[PDB]
Amino acid sequence: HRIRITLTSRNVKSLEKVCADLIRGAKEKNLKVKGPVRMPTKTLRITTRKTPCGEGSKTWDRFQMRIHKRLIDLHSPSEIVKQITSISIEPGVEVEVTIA
Amino acid sequence: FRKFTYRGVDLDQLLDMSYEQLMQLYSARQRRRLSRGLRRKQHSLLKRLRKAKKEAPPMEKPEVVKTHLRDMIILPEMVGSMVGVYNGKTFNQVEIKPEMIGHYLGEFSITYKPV
Amino acid sequence: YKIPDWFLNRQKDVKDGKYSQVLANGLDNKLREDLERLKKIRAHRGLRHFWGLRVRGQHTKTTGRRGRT
Amino acid sequence: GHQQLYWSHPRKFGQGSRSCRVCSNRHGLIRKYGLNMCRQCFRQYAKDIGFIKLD
Amino acid sequence: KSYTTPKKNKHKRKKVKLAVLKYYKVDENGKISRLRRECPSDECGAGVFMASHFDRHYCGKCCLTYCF
Amino acid sequence: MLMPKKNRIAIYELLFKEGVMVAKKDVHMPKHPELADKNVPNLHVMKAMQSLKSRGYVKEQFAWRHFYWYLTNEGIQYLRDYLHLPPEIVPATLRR
Amino acid sequence: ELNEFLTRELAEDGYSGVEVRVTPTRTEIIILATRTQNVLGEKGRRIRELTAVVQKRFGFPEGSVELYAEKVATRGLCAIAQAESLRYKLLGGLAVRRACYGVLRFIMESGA
RNA sequence: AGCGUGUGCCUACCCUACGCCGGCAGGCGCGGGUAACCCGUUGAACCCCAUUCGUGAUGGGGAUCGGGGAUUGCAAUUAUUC
RNA sequence: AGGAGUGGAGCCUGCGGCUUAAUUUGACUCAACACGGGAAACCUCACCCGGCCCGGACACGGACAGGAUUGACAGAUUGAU
Ligand SMILES: [Zn+2]
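Residue numbers (the authors' numbering), protein chains in the order written: chain V, 18 to 117; chain Q, 12 to 126; chain T, 77 to 145; chain e, 2 to 56; chain g, 83 to 150; chain L, 1 to 96; chain E, 20 to 131.
Please keep in mind that the hints were generated in silico from the structure rather than gathered at the bench. You may find that some hints are simply not true.
Claimed, not checked - Straight-line Cα separation of at most 20 Å, DMTMM-like style, residue types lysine to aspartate or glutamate; simulated pairs:
hint, chain 1, residue 1, chain 2, residue 2
1, T, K91, Q, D23
2, T, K116, Q, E66
3, V, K59, V, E72
4, E, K75, L, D37
5, T, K91, Q, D21
6, e, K33, E, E20
7, E, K75, L, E88
Claimed, not checked - Anything over 10 Å on all C-beta distances counts as not near chain e; from chain V, calculated:
hint, residue
8, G42
9, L61
10, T65
11, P69
Note that the Cβ used here is the ideal one computed from N, Cα and C, for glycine as well.
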């Protein structure tokens, strides 16, 4: 009865807040829960040009997009995981449930 | 003065022999022109020029055929005709012979002048 | 003496098509008859060889200053 | 006639096959991560996609 | 505007008055007499008429050249 | 504009049940994606729609490829006159 | 894309801004405006029309999107809405000095 | 060694491990991956050791040319690349 | 004070110049000369040689079902079944 939930978001502080919420919920549900696994992050490096024309100094810029994906491991039955997945949502994260 | 040879074969040997060993007879670059597949997508130009070549002329110079298309190989049954290659502006009337078989039709040109 | 056929300086010759090693004076004869054949068919490559121009596709707009004059 | 002369060039590859998502132009195209964007409209529409400049 | 080269004409449908009696031959007795053939396929019926050439023939939309 | 008799019927019946339509600006596009039941280019579709807005029966704005055509009430009255249905019916965007 | 659509389309109503919501089987987006009587037309005609627009343009199932109308107080914060309001106040024609000093007085009375 | 990249929306153009043909650019079956897993433990170059070297425009230097063979695309001739 | 280099040699590329069917152009000190993200075989293309479709919406007034466009298979032409 191994079930896993993957947590990804645009931001990092909201991600840690949501991860703390699910960890605290699995702690008050009184079950065997693994702690928050800290997956490495990925950095989107985008380089464009400042000038619409070809006039002036050759001044590039650097564009950074930070993606932060995490996962937690649960040992709960399916309906409880579905209920805590369907509760406490936000428009920053995506919920995703794997049964394995 | 002496009968020419084209890597072993002669003029009539090029004339009577078909595509499936003519491809090995000329170079590998010209194999890629015919080895891709069926030539019936938009080959109305190709078919009409083959029929116009296959039209038998009387005892004179053959009928002139000119096209804006450039991509052809000098074929053994194609020689003996009067063709005008589309050299940019006007169809440049050139004379052909069964000697440059295995080459392209666009490699007979001069642009304006040397400066 | 059992050499591979691709390891030869010229392949598919005009004279016979047999792949063979071509001697030094033979190489000079082959080059001069090839230039004469391209000149006789008055091809673009033979014309650029006559004029001393470029066939292998490189730009002489900025280089090749040691040619005419 | 033109029903069989519109499609002489099937737009499968080359520069004219792909175009920007904004102005139907084919210069300065961004194809990394599937933006399909020109660089200037990517700049003026970079803030609202969830991007902030850090470095 | 215009160049020195003259413009090219196009096949326009010329105005012919009362060509419907050219469909069938109007006889005395009430039986239709026809000088034309039809397209025997099921894609176009006998209501569609054909192209009156002198030696060859043409269907409605099938482009089937009927010759002798 | 040269387009078949059934085509304008399909366009107007799509306009009735769907009061707005979208179309991507391309001329080399023989199939309309939303109107999947009949093969139609969108070229004659926005030809008919620019005819309607230019004679002043539907509104018009442009976005990026995609026009958005909001039918005015008098345009709906004209189209229901053209298809000769009684005006008791409504487009599907009016039912609550 | 939808934001630029909304500032293109809602060009006479005072469009403020939107924030999308990522939710399965109900893809809700909330629209901020200034005149909520001019976003609906005749009892929700324009709102459901825009719903049909986003459905048939972005490939959504039947009734998945829902458009929510909300108002925000203290209008001086939203600058793009303020720029569109000064566009409203100079679309026909006025001197820039008097209307600009009036909107300066308004945005300093707002508490900037 | 490390920052990276990845099956596409009209999208087919992804990374390729593994086994045969071939001197080689390459050709065919064979599995995986929507990604610290699969490429990959990224067995990189520059380095270190042992030969061929020895001042002659030499074994430095690869610009000069033609022939032959693969791959891309609807098609590369004024060489596409190799 | 010092290290690495260009300008010397061969190659790559941009511009000036001559130019032709045109070799389309913008930019001449810092703030252009591997720049417009531009490594141009098709597209690119806006330069030149050569023709088809209307994308004249819409309105006025004449043609109009006894018919108005458009779409065509032997064969001469072209750049095309
Ligand atoms: Zn028929």
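Going through the hints against the structure:
1. Between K91/T and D23/Q the alpha-carbon distance is near 17 Å, which keeps this suggested pair within the 20 Å criterion.
2. For the suggested pair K116/T and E66/Q, the alpha carbons sit about 29 Å apart, so the restraint of at most 20 Å is broken.
3. For the given pair, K59/V sits about 34 Å from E72/V by alpha-carbon distance, which is inconsistent with the 20 Å threshold.
4. As the CA atoms of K75/E and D37/L are separated by approximately 16 Å, the hinted pair is consistent with the 20 Å bound.
5. Under the criterion of a C-alpha separation no larger than 20 Å, the hint pairing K91/T with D21/Q is consistent with the structure, at around 12 Å.
6. In summary, the hint linking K33/e to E20/E is supported, as the alpha carbons are separated by about 19 Å, within the 20 Å threshold.
7. Restraint check: the Cα-Cα separation between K75/E and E88/L comes to about 26 Å, which exceeds 20 Å; the hinted pair is violated.
8. Every C-beta of chain e lies more than 10 Å from that of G42/V, the closest at about 27 Å, which supports listing it as non-interface.
9. For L61/V, the shortest C-beta to C-beta distance to chain e comes to about 7 Å, within the 10 Å cut-off, and the non-interface label is violated.
10. With 10 Å as the threshold on Cβ separation, the claim that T65/V sits away from chain e is violated: the shortest Cβ distance comes to roughly 5 Å.
11. For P69/V, the requirement that its beta carbon stay farther than 10 Å from each beta carbon of chain e is not met, with the minimum near 5 Å.
In terms of the numbered hints stated before, the structure departs from hints 2, 3, 7, 9, 10 and 11, listed from lowest to highest.
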